[PDB]
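Here's a solo chain for you in structure tokens, the form deposited in one PDB entry.
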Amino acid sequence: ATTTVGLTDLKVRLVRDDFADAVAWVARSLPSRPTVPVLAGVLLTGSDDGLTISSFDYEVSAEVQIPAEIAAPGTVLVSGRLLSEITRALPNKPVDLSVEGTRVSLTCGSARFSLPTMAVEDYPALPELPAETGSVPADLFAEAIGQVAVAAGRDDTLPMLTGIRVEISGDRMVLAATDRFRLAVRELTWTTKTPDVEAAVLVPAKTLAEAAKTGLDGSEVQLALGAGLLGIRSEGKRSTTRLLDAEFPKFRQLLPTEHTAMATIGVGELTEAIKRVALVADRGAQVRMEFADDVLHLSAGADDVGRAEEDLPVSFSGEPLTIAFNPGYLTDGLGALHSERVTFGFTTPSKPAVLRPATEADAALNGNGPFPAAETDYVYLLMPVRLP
């Protein structure tokens, strides 16, 4: 399927901010190395009382419609990078766009641009979105994607780890991700359009993240899954993403049930202390955490590079523990909690440890345990590092 050409050349007047912002967002999804050179262009189709800007690269698709004073309908394809780099510098004045055969004339204020028209006849029609599996608030959706994306793998050689698994079960959604050494799992409530829906797709972490920032503040985002591709839909913006082929491990079983030890401490405090101690670590490889008697003793380094240590008070419960973690991984997790205090759950030094937001129910923990893992909206499991 290709774009259908009519009998009229596109002529339209636009608002600089609307057209420039639309071209900007639609430009972000352009391919660096186009599978087909045609894909490098942006599609402009004006109809009735609206203008559509579209981009598509056989994997990701982005389409947005904006108000437009249409003088003559039509469709045209032009270089996306030139369109974005031009629309960015256009004066804050009405944008006259007028196609005339092999050339498209973009005149704004005193500036006049003439750009060659591409082979619009060979531009693949972008995919359509499959129904509406439900609606999620934009802010919370983006936050969840943020809290999970940090765990996604970033090695293209390891595609099975680069994906974020989206699980749908009724009015609740569960996002998850892992890089084989850390696991992030978020859960949020949404408005599904069918009561007993059971779905489980895998979306590229980065693409779902960009689609996360897609959606202005205070809006909503409609999701449209199909068996396949996914459909993110934030009001006038309508984007789609092809699903990921690899399989995602069953993270449910990996979540610990109880904890031999638990530790609640302030997020900012612990983060700053970690960053200080990790300065002397070798290529940010390890931080030695020592929990004992309501006091965390952080240390790192050696006489080779330099040894740093920092003590912090902490609400600790259980037998004294000596565990070591990756500094980057630890701070990565602490940044996603978005809570004042963090709660830790340690089984053994060589087994994973839980990092979940701390609640009022952690103001006191009586007994020596083992303690039962509490239900949380977001959890960040992290695999430790072997000590000497």
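Residues that one form lacks are left out of the comparison. Under this definition, the rigid core comprises the largest set of C-alpha atoms superposing within 1.5 Å between the forms. Numbering follows the first chain given and starts at 1. What changes on going to the form deposited in another entry:
- Comparing the two forms between the two forms on the rigid core, the single residue of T157, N92, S114, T102 with a CA shift of 2 Å or greater is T157.
- Once the cores line up, the CA of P195 ends up less than 2 angstroms apart between the two forms.
- In a rigid-core overlay of the protein, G215 has its C-alpha displaced by at least 2 Å between the two forms.
- Taken over residues common to both forms, the rigid core alignment between the two forms yields 155-158, 213-219 as runs of three or more consecutive residues whose Cα atoms shift by 2 Å or more.
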Contents of the next structure:
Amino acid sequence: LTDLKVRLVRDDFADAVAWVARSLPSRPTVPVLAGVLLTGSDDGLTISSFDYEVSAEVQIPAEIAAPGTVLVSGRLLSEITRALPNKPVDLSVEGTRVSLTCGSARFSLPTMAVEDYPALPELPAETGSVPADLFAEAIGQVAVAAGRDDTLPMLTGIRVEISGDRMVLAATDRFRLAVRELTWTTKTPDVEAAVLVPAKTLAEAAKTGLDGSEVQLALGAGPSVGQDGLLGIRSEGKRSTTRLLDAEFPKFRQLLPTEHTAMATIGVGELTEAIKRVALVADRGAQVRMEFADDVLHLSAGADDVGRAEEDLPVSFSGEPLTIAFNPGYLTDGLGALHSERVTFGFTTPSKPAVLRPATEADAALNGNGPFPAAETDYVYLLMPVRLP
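Form deposited in one PDB entry done; form deposited in another entry now:
FYI, this one's just the chain on its own, none of its partners or other molecules.
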């Protein structure tokens, strides 16, 4: 009785279809999941995608001549929209087909079985609100440490803990642990809950989603916080959902040291470039050797068959001399996540984790024999070392 007929602005439509299309699966077992769902009503068009794990949904302005719903090939609609002239887009469902007209270009796509398309998840009640930029940054700083398919499912997620107006994100792959603390505005004080979100999904939402200054997180309210089974994110007209992981995250906090036998502060850029240079000669056996003494950091690496490199840097070092080895890529990953002009290392033993955190003025006012209490920091990148021969 009713078939969707709508006029749209090219930029609105192509951008919306672009963001929604990123959450699409490739050749899914359920064909309808490859489609984008278009629902036109009143004065808006809703564009949706879903693959049982992640959902994406955005609403845009629309001139509705006739409301309705239709399911069309996701990637195909994405390509078409991205390749349309900057002119009004006229979309009209004609029986089993969908006419799309823009300027002189005219397309006729076949409709998909919208009857068999699953219902999109309804977001849980809003739990609180986080600044977009800060939220995305925190996700980025922690995601570097999340594991992949090569490991167990518990290591593939980012742990999100909320305690009042303070949340901490955590991730680890058994060799590096990243923890970021940030403050947010909760809707129910003393909210105390923790969930595990697929790291890949959450990081994606950070890079592409999160528009505007404010981002609402939907995890439930009161006792059911986290009991719903999925994480919702709302910002502007966009809204997405992510299925949570049932696996239990490790008790990461008991890997963090309480005191350091040695402390080293140095510039991130300098250290990173030196590590990148020296690591060129470390091969499959990737070990960059760091030797701390006086106020000199002596980097070295390599094997005679490939080569052997080294480079010295000035370092604000305090404590006992130390020789410790690390994986170059892990090390540069942490340094890249610090987002600070200067990094401070906290060491205990060459066979125990090392704390990488942003440097603070206090670190400067630090000249003694040790030990040194672990400072309170918003971000920590704990890296496990490499055994030395």
